[PDB]
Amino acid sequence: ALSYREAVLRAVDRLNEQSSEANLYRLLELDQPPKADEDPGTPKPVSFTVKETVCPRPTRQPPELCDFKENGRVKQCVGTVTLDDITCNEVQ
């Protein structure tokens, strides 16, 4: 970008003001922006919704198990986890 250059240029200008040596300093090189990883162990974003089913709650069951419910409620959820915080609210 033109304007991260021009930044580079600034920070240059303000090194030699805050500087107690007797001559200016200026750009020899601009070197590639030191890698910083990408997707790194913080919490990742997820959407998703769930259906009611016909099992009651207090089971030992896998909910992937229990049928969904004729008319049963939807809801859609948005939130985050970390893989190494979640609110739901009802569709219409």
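Residue numbers count along the first chain shown, from 1. Whichever C-alpha set is largest while still superposing within 1.5 Å between the two forms counts as the rigid core. What changes on going to the form deposited in another entry:
- In the core-superposed comparison between the two forms, the C-alpha atom of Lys69 has shifted by less than 2 angstroms.
- Once the rigid core is overlaid between the two forms, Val78 does not reach a Cα shift of 2 Å, moving by less than that.
- Comparing the forms between the two forms, the C-alpha position of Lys51 differs by less than 2 angstroms, with the core used for superposition.
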The other form holds:
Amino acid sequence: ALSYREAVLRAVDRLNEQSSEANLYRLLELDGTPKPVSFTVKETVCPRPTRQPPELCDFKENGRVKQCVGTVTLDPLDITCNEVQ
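Next block, the form deposited in another entry, ref. the form deposited in one PDB entry:
Nothing else is written out below except the one chain.
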């Protein structure tokens, strides 16, 4: 469970690392073999090149919200996030 939650936060970090957007996204809601994941992330006030954990970054109001899905290994990134329509 805990390792699970941590792998999701870790994924959020990777999405931010691979991102091309201006700001860091932060976890909004969390809904051996890789485990399925489904969670939403939301845009924060912190600009992408910032060595600040996203959880210390306030959400941007009216900031973009995305739904991410895929998998995580409790020990490559396999999640794709699409803006919520």
